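Form deposited without the ligand, single chain, as C-alpha cells, below.
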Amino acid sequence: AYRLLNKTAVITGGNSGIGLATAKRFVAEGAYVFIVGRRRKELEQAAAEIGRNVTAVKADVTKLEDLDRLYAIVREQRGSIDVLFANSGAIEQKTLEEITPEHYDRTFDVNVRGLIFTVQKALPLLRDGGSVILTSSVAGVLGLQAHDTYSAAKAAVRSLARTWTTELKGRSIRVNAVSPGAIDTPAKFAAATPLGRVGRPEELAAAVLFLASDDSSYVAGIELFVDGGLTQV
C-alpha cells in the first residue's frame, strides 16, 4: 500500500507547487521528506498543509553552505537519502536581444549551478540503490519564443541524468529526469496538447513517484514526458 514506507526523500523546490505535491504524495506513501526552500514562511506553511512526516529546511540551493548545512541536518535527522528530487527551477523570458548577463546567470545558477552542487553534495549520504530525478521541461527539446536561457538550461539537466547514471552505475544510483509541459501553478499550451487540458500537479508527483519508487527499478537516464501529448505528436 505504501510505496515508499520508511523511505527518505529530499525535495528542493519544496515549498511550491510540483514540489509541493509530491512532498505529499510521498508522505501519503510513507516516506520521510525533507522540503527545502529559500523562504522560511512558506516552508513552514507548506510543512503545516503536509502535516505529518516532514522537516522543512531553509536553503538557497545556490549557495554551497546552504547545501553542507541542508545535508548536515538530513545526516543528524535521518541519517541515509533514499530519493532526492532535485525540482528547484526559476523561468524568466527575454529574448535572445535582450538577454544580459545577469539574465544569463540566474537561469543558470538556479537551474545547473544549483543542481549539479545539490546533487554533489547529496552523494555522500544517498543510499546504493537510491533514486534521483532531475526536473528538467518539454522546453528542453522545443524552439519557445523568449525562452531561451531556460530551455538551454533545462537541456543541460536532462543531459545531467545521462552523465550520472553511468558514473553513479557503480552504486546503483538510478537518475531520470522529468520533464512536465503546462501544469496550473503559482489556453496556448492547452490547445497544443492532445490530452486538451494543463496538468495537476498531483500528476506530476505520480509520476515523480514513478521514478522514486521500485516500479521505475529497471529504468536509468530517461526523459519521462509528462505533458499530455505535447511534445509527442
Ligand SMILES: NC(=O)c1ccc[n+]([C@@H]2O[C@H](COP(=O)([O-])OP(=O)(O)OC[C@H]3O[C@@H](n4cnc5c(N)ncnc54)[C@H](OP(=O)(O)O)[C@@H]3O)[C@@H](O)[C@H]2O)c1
The other form holds:
Number of protein chains: 4
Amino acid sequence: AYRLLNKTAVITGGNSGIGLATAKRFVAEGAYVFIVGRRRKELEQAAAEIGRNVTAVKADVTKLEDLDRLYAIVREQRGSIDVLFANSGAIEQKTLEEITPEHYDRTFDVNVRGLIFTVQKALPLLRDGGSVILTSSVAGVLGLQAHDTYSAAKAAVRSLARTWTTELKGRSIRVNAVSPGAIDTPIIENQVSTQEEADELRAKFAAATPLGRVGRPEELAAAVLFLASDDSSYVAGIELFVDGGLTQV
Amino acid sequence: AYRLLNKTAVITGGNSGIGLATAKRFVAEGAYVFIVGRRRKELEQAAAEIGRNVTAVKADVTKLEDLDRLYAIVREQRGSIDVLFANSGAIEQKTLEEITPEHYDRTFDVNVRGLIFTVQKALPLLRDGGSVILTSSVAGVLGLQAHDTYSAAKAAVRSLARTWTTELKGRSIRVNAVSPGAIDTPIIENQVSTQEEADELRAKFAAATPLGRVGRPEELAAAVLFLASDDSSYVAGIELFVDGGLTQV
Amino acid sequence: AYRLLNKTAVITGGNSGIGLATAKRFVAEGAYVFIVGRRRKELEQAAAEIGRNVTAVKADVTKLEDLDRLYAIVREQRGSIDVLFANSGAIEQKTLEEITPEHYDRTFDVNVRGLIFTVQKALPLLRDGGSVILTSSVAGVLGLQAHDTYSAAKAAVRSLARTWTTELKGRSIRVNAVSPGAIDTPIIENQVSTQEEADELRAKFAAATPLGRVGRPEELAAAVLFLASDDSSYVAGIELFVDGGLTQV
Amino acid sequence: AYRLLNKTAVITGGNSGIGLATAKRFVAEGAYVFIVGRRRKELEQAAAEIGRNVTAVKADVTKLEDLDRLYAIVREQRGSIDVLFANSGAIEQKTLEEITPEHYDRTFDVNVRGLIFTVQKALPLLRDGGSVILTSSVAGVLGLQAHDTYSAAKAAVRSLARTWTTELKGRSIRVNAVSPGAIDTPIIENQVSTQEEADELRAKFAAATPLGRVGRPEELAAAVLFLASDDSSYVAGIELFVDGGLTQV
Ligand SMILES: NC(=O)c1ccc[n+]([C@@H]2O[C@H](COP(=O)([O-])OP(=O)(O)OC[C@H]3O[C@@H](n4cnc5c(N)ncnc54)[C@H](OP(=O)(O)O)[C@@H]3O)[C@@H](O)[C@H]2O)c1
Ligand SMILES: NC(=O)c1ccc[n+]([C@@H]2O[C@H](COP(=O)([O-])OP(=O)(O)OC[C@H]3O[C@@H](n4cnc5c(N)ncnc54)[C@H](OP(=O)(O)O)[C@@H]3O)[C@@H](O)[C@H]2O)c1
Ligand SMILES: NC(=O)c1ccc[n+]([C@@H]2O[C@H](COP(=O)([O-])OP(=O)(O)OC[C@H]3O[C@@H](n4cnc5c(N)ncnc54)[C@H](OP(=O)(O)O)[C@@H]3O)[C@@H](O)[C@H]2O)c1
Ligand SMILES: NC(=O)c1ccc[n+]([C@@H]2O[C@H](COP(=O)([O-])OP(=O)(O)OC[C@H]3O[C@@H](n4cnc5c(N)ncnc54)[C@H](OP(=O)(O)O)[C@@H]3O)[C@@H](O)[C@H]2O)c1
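Having seen the form deposited without the ligand, I'd like the form deposited with the ligand bound now, please.
Everything in the complex follows now, all chains and molecules, and the chain you saw is the first one.
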C-alpha cells in the first residue's frame, strides 16, 4: 500500500497548495517529509494538518545560508534524501513594457536561481537511485499575455531537468519536470486584485482545458508521486504535463 | 494497496513482452484483464502465468470481425471497460529504397489501422471516466535508419491520443500515449537474424540512454499503470516517454 | 535576384492552392517546374497561369505506375531533380465513431502512402545536395475535432522527414517538413457543404491565430522557397510552422 | 535582388561571428545596420569589413543606460527599426556542483536579462509589421554536460518569443527564435583552454550532426534573413533550428 515506505523527502514550497498536498500524499505513502517555506505560521499549520512524519523548516530558497541550514537539519534528523521536490516558485504578471529590473530579479531568483541552489546543495545528501522533481509550468511552452518572466523562468526549469539528467546519470538519480496547468491553489488567488476576478480566471481556464475543469492539488501530488516512486524508474528528464490536455490539443 | 480494484481492462498484445507484464501488474492491482493476441499457445501460457482474474481472447486487430467478437466476449463476461491498453504493434526494418507496398501495409495495418478500430469498437463499452493508453514509441520523434514506416505509424498513434482527447472529453475519458525506448522484450529479438546481433543492439541502446540500460517490461507496465490509475486523473493527451532519458537529452 | 536559377523542381499537387503558388514563385526565382496532379483541365490552366518554364504531368500519387511515368518524363525533359516538393494531400472530416475503412484508406493513401512512393521513386533522379520538402500540417501537433486520420497522417509525414534526414545524409540531401496553419486555398472550401460555412471556418481560424488572419498561398510558397533554396543549407529534418503563431502560443 | 531594401536593422552582438555575418548579409540585401557590442576595436573593424550603410554603437546590454543611449542614436540616425536581431549572448561551462552565484548572474544577465531589456526598449522605435529575432540555441532542448545555466537561459529566450508573439500581435510585429547548433564562430574557441581541444570539439559536433559538418556563420545569417524578410510574413513565435539536423533525428 505504501509506495514511499521509509523514503525521506524534501519539498520546498511545502506549506501551501501543491507542495502541501504532495506532502500529505507522501506521508500517506509512508515517507518522512521535510516541508520548507518562509512563513512560520503556515509551516506550523501545514505540519499540523499533515499530522505525522513531518518536519517544518523555515527557509528562503533565494538565501544560500537558509539552504545550508535546511540541509544541516535534514542531515541531522534523517541523514539522506530519497525524493527532492524543488517546488517553491512564484508569479507576478507584467507585460514586456511594464518589466522592471526588480520584477525580473524577483521572478528569476525564486523560480530559477533558488531552485538551482536547492538542487546543488542537496547533492551530498541525495541517495544514489533517488528522484528529483522540478515544478515547471504549462506557461513554459505557451505564449500567455503578461507572463513574460514567469514563463521564461519555468522554461528554464524544464531545461535544468534535461541537463541534470546527464550530470547525475552516473549516480542513477532521475530528474524530471512536472508542468501543471490550472490547479486550484493560492497562486491563482494571490495574483488577482479582487475575489470576483478569480471566479472568472478559473472559468476561463476550465473552458480552455479538454477535461473542462481546473485541477485539484491532490491530482498534481499524485503525478509527482509517480515521478517520486519506483513506477517511474525508467522515466528520466521528461516534462510531465498535468493540465487536463491544455497544451496537448 | 489495489489501485485498479474491480476495474476491467483490455490489453491487445497481451500474450507477450509489454502487454503481458502490464497484465500481471494490472491483476496484482486488482483488475480483471482481457489479454488479446493471435497466437493461441502463447495466450494460454500468458493466462497461466498471470494466474487469476484473466481471460484470453484470440483476435487479430487488423480483422474487424475479430474485434467485434472480442468486444462481444468482453461484454458478456464483464459488461464494461475501465482501461483499454491498445498495445499490439509490430516492426519490420526497411529503408526508403527497400519499401514495398506489402511492407507498408503490414506496418500501418497493425500499428495504426488496427489500433484505430480497437478504440472505435471499444467506445460502446468504455465507461465514462475511463482511460485509454496507446503505445507509441521513441521512434515517433526520432530519425532512425530503416525505421521509415514503423516510426511514421507510431507518430500517427501519438496524434490519435490528441484527437481522441478532444473527441472523448465529453465522456471524461482520458486518452494518453506511452512512448517506450529500448525495453527488454521479444520485439528486439524478433527483428534481428542472429542471437549475436541482439547482444549488440542492446548494448548500443544502453550507451545512448542516460540511465545506461535497456528498460525492464515491469517498468513500462508501471508507467502504463500510472496512466490507467486515478493518479493520472488530470493527465490528458500526453506522450509519456519511458526511455531512461533517450529522447530527453 | 534568382534564388533557384536553373534548378529543376517537381511539385505534386501543383495545379491548385499551395502547390500552384509555389510553382509560380519557383519559376519567378528561375526554376524549371513540373506540376503534378490528377485533373487535366486544372493542370493545363495552372501551366497557362505560370506561363514559362513549366511542364504539367497528369499523375495519381496513389498509383505506382503513374509515378514511374512521371519520373520517366522528368528524366527525359530535364534529367535530374534539385527540389522535390511532395505536397499533394487531402482531408475528409470524420470523428472516431464515423471512421470507415474506406475513409481511412483514402486519407492514408494520398497523405502518407502516395508521399512515401513519391520520394522513393525520385531518389535516382535526385541531385546530391538537393532539397525535399514534405507538406505536413498544424493538425499533426493538434487535437482537432473529427480530424482523426488527417492529423495522424500528417504527423506521419513529419516523422518521415526525420527518418529521411538520416537515410539521405550520405548524399547531402536535405529533407524538411513544412506545416501550414490556415491558408486561403481550395482545401478549406472543398470540405464544407455550404459557402456560408466557409466564411465562418475562416473567421474562426483567424481568431485563434496571433497574426489575426488566414495565410495567403504566396506566404506558404515563400516558406517552401526558403527550404528549397541555399538559405536553408544548414537546416535539416525540421518542422517549419507557417501558421501565424497558431501552434506556438 | 534586395530583400531588405531600405529597412533599418539593429543587431546586438554584431562585431563578431553570427552577429557580423548577418550584418554583412543584411547590408548586401540593402539594409541599414546598427552593430552593437562592448569592444570598440572590434566594432570599428566589423564596420570596416561591412563597408557601407553601417553604424557601430558601443553598448553593454546588461546596462540599461547603454541601451537608452543605443536607442537614442538609432532614433537620431534612422528614426525607426524594421528588424531587431537580439543576438548578444555568452556561454561559460560549469556543472551543477561548480555553479557559483557570480556564474549564474553572468549567464542570465547577458543571455536573458539583457535581451529582455534590448527588446523592451526597442518597442517605441519598432515599426508596425516589423520583425524581432532572438538567438536561442540547440542547448535549450538538449541535456549537455556542464551547460546548466547556458541551456536554461536559452530555453528562457525561446519562451520569450512565444510570450512576445502574443503581446505584440496587435502591432503585427513577428517575434521568432533562431536556435543554432554548432556554428564556426569565436564562441567555440573562447570556451576551450587550448587550440588543440577546439579541433576536437568541432570534430565531435560534426559526428553528431546528420549533415556531417559545423555550420558556416553565413548559413545562420541566411536563416535569420528569412525571419527578417517578407518571406516569413506568416511565421510567428517559432523555434527555427539551424543545426544540420542535430536536434531533429
Ligand atoms: N497552481 C497552478 O495552477 C500552477 C500552474 C503553473 C505553475 N505552478 C507552479 O507551482 C509552484 C508552486 O505551486 P502552487 O501553485 O501551489 O503555488 P502556491 O500555491 O503559491 O505555493 C507556493 C509555495 O512556494 C513557496 N515559496 C515562494 N518563494 C519562496 C522562497 N524564496 N523560499 C521558499 N519558499 C518559497 C511558498 O512558501 P512561503 O510562502 O512560506 O515562502 C509556498 O509554500 C510554483 O513554482 C508555480 O510556478 C502552479
Ligand atoms: N520494447 C521496445 O524496445 C519498444 C520500442 C518502441 C516501441 N515498442 C512498442 O511496444 C508495443 C508492445 O511490444 P512488445 O514489447 O509486447 O513486443 P512484441 O511482444 O514482440 O510485440 C507484439 C505483441 O502484440 C501482439 N500482436 C502483434 N500484432 C497483432 C495483431 N495484428 N493483432 C493482435 N495482436 C497482435 C503480439 O503477439 P500475438 O500475435 O500473439 O498477439 C505480441 O503480444 C509495440 O506496439 C511496439 O511497437 C517497443
Ligand atoms: N492550405 C491549408 O489550409 C492547409 C492546411 C494544412 C495542410 N495543408 C496541406 O497542403 C497541401 C496542399 O493543400 P492545398 O491547399 O493545395 O489543397 P488543394 O487546393 O485541394 O490542392 C491539393 C492538391 O493535391 C492534389 N492531389 C490530391 N490527390 C492526389 C493524387 N492521388 N495524386 C496527385 N495529386 C493529388 C490535387 O490535384 P488534383 O485534384 O488535380 O489531383 C491538388 O492540386 C496538402 O498536402 C494539405 O494537406 C494545407
Ligand atoms: N556558433 C554556435 O555554435 C552557437 C551555438 C549556440 C548558440 N549560439 C549563439 O549565437 C549568438 C552569437 O554567437 P557567435 O557565434 O557570434 O559568438 P561570439 O563571436 O562570441 O559573439 C557573441 C557576441 O555577443 C556580444 N556580447 C557579449 N556580451 C555582451 C554584453 N554584455 N553587451 C553587449 N554585447 C555583448 C559580443 O560582443 P562584445 O564581447 O564585443 O560585447 C559578441 O559580438 C550567441 O548568443 C550564442 O549564444 C552560437
